[PDB]
Amino acid sequence: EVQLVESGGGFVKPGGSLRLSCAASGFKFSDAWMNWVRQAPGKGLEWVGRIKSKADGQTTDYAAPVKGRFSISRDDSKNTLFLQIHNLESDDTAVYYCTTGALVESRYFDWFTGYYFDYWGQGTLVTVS
Amino acid sequence: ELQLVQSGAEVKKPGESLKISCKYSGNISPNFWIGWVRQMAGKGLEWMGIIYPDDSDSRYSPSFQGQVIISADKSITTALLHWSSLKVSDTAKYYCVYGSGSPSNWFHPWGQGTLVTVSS
Amino acid sequence: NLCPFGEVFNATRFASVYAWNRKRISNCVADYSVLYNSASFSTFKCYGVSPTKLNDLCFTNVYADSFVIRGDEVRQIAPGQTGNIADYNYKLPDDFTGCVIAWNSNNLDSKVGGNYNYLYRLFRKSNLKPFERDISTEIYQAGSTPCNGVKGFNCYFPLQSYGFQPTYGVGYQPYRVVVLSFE
Amino acid sequence: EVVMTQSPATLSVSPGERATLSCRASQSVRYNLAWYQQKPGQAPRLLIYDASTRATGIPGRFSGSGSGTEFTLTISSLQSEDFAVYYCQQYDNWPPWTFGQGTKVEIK
Amino acid sequence: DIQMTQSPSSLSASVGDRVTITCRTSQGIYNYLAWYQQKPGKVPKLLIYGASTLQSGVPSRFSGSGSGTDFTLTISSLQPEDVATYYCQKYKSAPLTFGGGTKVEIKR
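Quick mapping for you: the protein sequence lines, in order, are chains F, Z, U, L and G. Using the numbering used here, you'd call the opening residue of the first sequence number 1 and step up by one each time. Using the numbering used here, you'd call the opening residue of the second sequence number 1 and step up by one each time. Using the numbering used here, you'd call the opening residue of the third sequence number 1 and step up by one each time. Using the numbering used here, you'd call the opening residue of the fourth sequence number 1 and step up by one each time. Using the numbering used here, you'd call the opening residue of the fifth sequence number 1 and step up by one each time.
In isolation and in its complexed conformation, chain F is listed as follows:
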């Protein structure tokens, strides 16, 4: 049912930066953990980062070949996620997704922890020319 949509892809040129977005629809998005996954053309998937819920730190966990770049930030009050591609070299030409995962509750409170990915967006395609 619940859906996520992303936008911001373009036919950009290397040696710069780009900003990608993802807007939630029906979560309790204020407190959930969200992820980005980038599918290169004709290759397997690859996780690229997670951002916490800002009620539990608002921390970012990037990947091993990514740590230097690909900043992630969250904008509440409008249910929007933000991926900041700090620098494009050649291989950022791929598709990007914004996904979330498991729902966990103890007695009172529940939230999408985002560990195995259930809901995916349509996926925007980024290019480097």
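I should point out that these hints are in silico values taken from the structure, not numbers from a laboratory. Just so you know, even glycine gets a beta-carbon here, dropped at the ideal spot from N, CA and C. Please note that a few of the clues may not be correct.
[Claimed, not checked] Quick list of the computed label-pair ranges, beta carbon to beta carbon:
1) L:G60 with U:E7: 55 to 61 Å
2) L:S63 with U:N107: 25 to 31 Å
3) Z:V88 with U:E7: 50 to 56 Å
4) L:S12 with Z:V88: 34 to 40 Å
5) F:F82 with Z:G113: 37 to 43 Å
6) Z:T91 with F:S7: 34 to 40 Å
7) F:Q3 with U:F44: 48 to 54 Å
8) Z:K74 with F:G57: 27 to 33 Å
9) L:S12 with Z:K74: 46 to 52 Å
10) F:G26 with Z:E46: 35 to 41 Å
11) L:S77 with Z:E46: 31 to 37 Å
12) L:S7 with Z:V88: 45 to 51 Å
13) Z:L80 with U:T60: 41 to 47 Å
Guided by the hints, dock chains Z, U, L and G onto chain F, whose structure is given.
Showing chains Z, U, L and G alone in chain F's frame:
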């Protein structure tokens, strides 16, 4: 919460470091933030950031490159604004605004008449 | 030779709900109409004692406990109620005899752009006991598989921040609480 | 960030006659706002806040209006000391606290 | 940095037959792992989690079996509408690294 006074600045050379000095008067509230606002030549006002003098936090709006807001003292009860080597763009006039808790009567003492910083 | 009540109520900064402070008062003169006849206290209700009758009652010891909790959560401060505070943070035995005070302290604790200095527990294996508190921050266990100090799956850090903000709704606005227990 | 658009850019009015002001927001600022006044050559002065309640020591001719994403300021008696530039400012959704643009009220 | 392999890559048998897929691991993970299915030119879809739990609303011909250090996912009988690439994901903690990926073709 009473009158604030600022130190009338003048021209500088291409970028160096400056210090802009607001003041206090007294009868201050427990929550005590003081902010800094700037006005281009004949344009609208743009916010910079605020500082809580006790247990300074200095939260910045996302323009913090030449924006180091530190009270740095209660000795003379000031809220200095500091930067180093800013060159041509920030020729403006900077106001210091008072505030408190209980979000009424924040923006009442809104500086007095303020600092025409000349860069070039 | 009056009691130091003032420094408890006019204190500078309060502790967190999961790490509440405790103070002992004994061999002192305690007056309450000064506390009772105050318009500051938005909420003030007692148990087992008439609020006007305090001056006629002597006790061996008086214990004062204080913390800071969310606004629409004071109802959990009552003997025999449920909720996060009443389960994992602060418990009140049903044989309670003392007064409970709470007033809005928005202009003292909340700060612009969030205030991340106040916490509260969210996970604990078993409920608390009356007048009992814990401080340990061991990673919670939610399944049969032990993880041994890694915050992966089914292993959650059991502390979250309130994040107060002076423009929130009155339901979420902070509240200071002082709890009195008697002999 | 929310853009605090203000219309009209200028508002040419006659003395005495009532004059109105309008400020626009991108999304919910439901009850946090303010209205300044900056006579040229000096610092802006707060007029109202909370979108309805007037400040202290101000004439009773000013009155707040609106809520949500639409607001309005109304002046009932244009004297010789009311033609200035008026800014609207939110004070929620902290990181970008933003102002408006201004309406140079003039005469004819 | 727990390396995983999803082997082999070229798998194909006549419809109705049985297939083996093996997500080996370099370090032990108790049962924490999932499986994703992705047909050409579309978003991946979930099948399993906990290494054996079928998704509510997926065909029940997939058999999450193993646990410990080596896992297996096997299709009980083959059909020509279930040709895709399958992805095994480590799931204990960060950095949630996916698997290599295995495509399934069909026989002559």
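Status of the hints after comparison with the structure:
no. : hint                          : in the structure
1   : L:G60 with U:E7: 55 to 61 Å   : violated (45 Å)
2   : L:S63 with U:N107: 25 to 31 Å : holds (27 Å)
3   : Z:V88 with U:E7: 50 to 56 Å   : holds (55 Å)
4   : L:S12 with Z:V88: 34 to 40 Å  : holds (36 Å)
5   : F:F82 with Z:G113: 37 to 43 Å : holds (40 Å)
6   : Z:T91 with F:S7: 34 to 40 Å   : holds (38 Å)
7   : F:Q3 with U:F44: 48 to 54 Å   : holds (49 Å)
8   : Z:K74 with F:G57: 27 to 33 Å  : holds (32 Å)
9   : L:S12 with Z:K74: 46 to 52 Å  : holds (50 Å)
10  : F:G26 with Z:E46: 35 to 41 Å  : holds (36 Å)
11  : L:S77 with Z:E46: 31 to 37 Å  : holds (32 Å)
12  : L:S7 with Z:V88: 45 to 51 Å   : violated (33 Å)
13  : Z:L80 with U:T60: 41 to 47 Å  : violated (55 Å)
Violated hints, in rising order: 1, 12 and 13; the structure is consistent with all others.
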